[PDB]
Structures are given as structure tokens and as C-alpha cells.
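The complex appears here minus one protein chain, its other protein chains still in place.
Which chain is which? They are A, B and C, in the order written, and residues in each are numbered from 1.
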């Protein structure tokens, strides 16, 4: 849809949309930028992620509200119908993001910071699909999330220091995957603890600014561990 | 677009969308309910108003962000283009609401509580159009807002007590119209003061619950008067 | 912009 706008104009308008809290617009602008076919810079990857995280976040929150009303009702068809409507739109956004990652962001990503970033995103959007899935479909979706997170983890441990914020955010999200998608709370706790401890020992290498970036995400690991133990 | 869904199902789903903070959906459901052609109850009118107020509110906030960036830039074409895009979508929402009021909510509204409500809405959505308009177009839009607010005021003074929340909210909004659309701050202050004082004298007639409803809106008049004097 | 109080949802 954005084929007629310059790549640089799409990125500029994504930043404007962010300032205006117009995240559906922001996501459409960044989808257009991706579809230009060039690789994305670090800033551009983060614009892409922020845009779709905001869009899918609203959908997830709405789906949970409606699912809760529906479950209570099952303790007319309208609640189920409308939950299904939101669910289908949520699945559509996840499919769009996964489509961008498959065509062709991941295959052109060779540096660890880009490849880990995109594989983490792939795990995340399969995880959001898993939150609303059932049955055998759910098992295959969960396996897809796990496989993406695991490839990202393997690269991040080989190629990034333990305080790298991308590596930290990946570990955070993979631990939440374990806790509440994979029903593996012990794996979740182990991963969060080990990640936190190995990052602690590497903080001595960091500048003041990098220290703030890394400790911010470490606090999220701690927040979860506090709820989990 | 909602022609195949039952009226009662549209209202039910509007309430669900509200709970899920899905206000674009809520507005579409209520537009569908209006287009069934029956008059709206008090609850239904408020669902219609809440839905579109939330939609247009996000657009107004985004437009202001972008307009501010644009003005600073004028102290590439992308800021102007994107401000124009949001502006056009905002004007479209206002035109849709005004269309519902004209076809045919106002003409079928005979009771003061419905007719004042819809004429206030007509003033409000012309006011939102005025916020983004220029030149002669702006003058005619301002006149349309003023004319709707004035008819609503005339009915409300004849048919409603001074504490009636609809009457109070109308006076509040008409006073803001005067202050910052019509460049009539003295008229704004006079209207807010007189409205507040006449409501004060009628509070003695109210139940505990009605007292809370009326004093809530009276506090908004006071808030504005404090900023204006 | 400083927005004054108007009726209903403060959605902007």
C-alpha cells in the first residue's frame, strides 16, 4: 500500500505517528519501509517493533477483557462473536509481522544484533498467537515460538555480551514464554536467574549510559522473579 | 455496514467494545444501531456520544501534536502531508456524526432530553471541524456550531431545570466555544458564571445521586472560570 | 495546547 512513498518519508512519518500516538499508522508506515526490500538499521528495527507492539498490545488487552466476560457468561452469541472478531484481527496482525520477518528480514540479517532482534520478534508474535490458540494448533504454534527464541538465544550467547539489551530482552521474553505458555515455570525461573546473574558480573564493563540501559531490563527480570518465587 | 446485525446485538457489542476500550468498534456498532432508523434511548444516546468522543478525541490530540511540529518546522513535505492525512480522517468522523444527526436523529427528537442532546452534539462536531478549519470555510462552520448550540440552549432553558446534567454540559461546551472558537472570552465567562450560579440555587431540589451528577459538571465550569479569570 | 474542560470523555 505504501509503494508510492519514499522509504525515507515512510520512516519520517513513522516517527511522527509515534509522537502523535498513532500506532496503527506507525505500523503501516514501517511495513511500507520494510517492503522497500532494503535491510533496516537499528533505529528502524526498533520503530518497527514499537509500532506493532503497541498495535498488538491493544488487541491483546481487548481480547483478554472479552475472553473474561465470555468465560463468566459460560459459567447470547454476541460475546463469543465479538471476541472472535478481535481474535481474528489480532491473528492478522501477528501473521503480517511474521510475514515481514519471513519475507525477507530474517534471511538477510547476518549481524547478531539484527538476526537476534528479528528471531526474538518471531518468537514474540508466535507467542501472541499461542495466547489465543487451542488444541493441536496451539502445540505447533508453541513449538514455532520456542524454535525462534532458541535460535535467537544460541546466537546471543555466542555473539553478544551478557549485558547486551537485546540479549537481555530476549531472555526476559523467553522466560515469560516458559512460565505461562510452555507451562515450564522452573525453566522460566532458572533462565531469569542465570540471565540476571551473568549480566550483573558484566556490568563492570559498561559506561554510565549502557549501565542504565542494561539495569533497566535486569529490573524486569527481577520483577518477574519476585512474582514467581 | 452493520445492516445484517440485530439492533439489540449492535448495542450489546457497543457495550462490550467500551469495556475493551475498542472505541472505533464501539462507534461503528452505534452507527449501525442509529441506521436501523429507530429513535435512541437515553443510554443508547450516551453510548453513541461516548464512542465518537473517544474516536475524535484521539484524532484531535494527534492533529495538535502534528500541527505543533508543523508550525515549528515553518518557523520536507512529510509533516504537512501527515497532518493533512489525520485532519482529513478527523473531518470524516465529524461528517459521519453530523450525517447521523441530520439523517435522521434530530428531526425525530421531540423530547427536550433527546433534542438538546443531539443539538449539543451537532454544535460539538462543528466545533471540532472549526478547530482545523481556515478562512471563509471556518466562518461558516463556526456559524453552524453557534446555531446548533443556540437552539439547544433555548430549548434547555425553557424545558430543563438549571441543574439538569445535559443542560449543564451544553452550557460548559458552548462557553468553551465562545472562549476559543468565537474569540468571545467575556461571553464564555458570563455564560459559565450564570450557569454555575443558577445551578447552585437549584441544588436544593436534588437527591444525593443527582446532586453528585450536577456538581460534577459544575466543577468543570469552575475549573474553566479559574483558568479564565 | 492548553485544552479547557468540555463535557464527557477527556479523550484528547
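Please note the rule applied: a residue touches a chain if its C-beta (ideal position, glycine included) is under 8 Å from a C-beta of that chain, and two chains touch if they have at least 3 such contacts.
Of A:172, A:182 or A:199, it is A:172 that touches the chain left out of the display. Across A:108, A:154 or A:223, the single residue that touches the chain missing here is A:223.
Of the candidate positions A:9, A:49 or A:195, contact with the unshown chain belongs to A:49. The omitted chain makes contact with chain A at the following residues, 23, 49-50, 53-61, 64, 68, 120, 124, 169-170, 172-173, 176, 179-180, 217, 220-221, 223-224, 227-228.
The rule we apply is simple: only the chains that are shown with their structure count from here on.
Separation between the centroids of chain A and chain C, computed from CA atoms only, is 34 Å. Here the spacing of chain A and chain B, counted between their Cα centres, is 38 Å. Contact of a single residue of chain B with at least two other chains is seen at positions 58, 61. The multi-chain contact residues of chain C, meaning those touching 2 or more other chains, do not exist; every residue touches at most one other chain.
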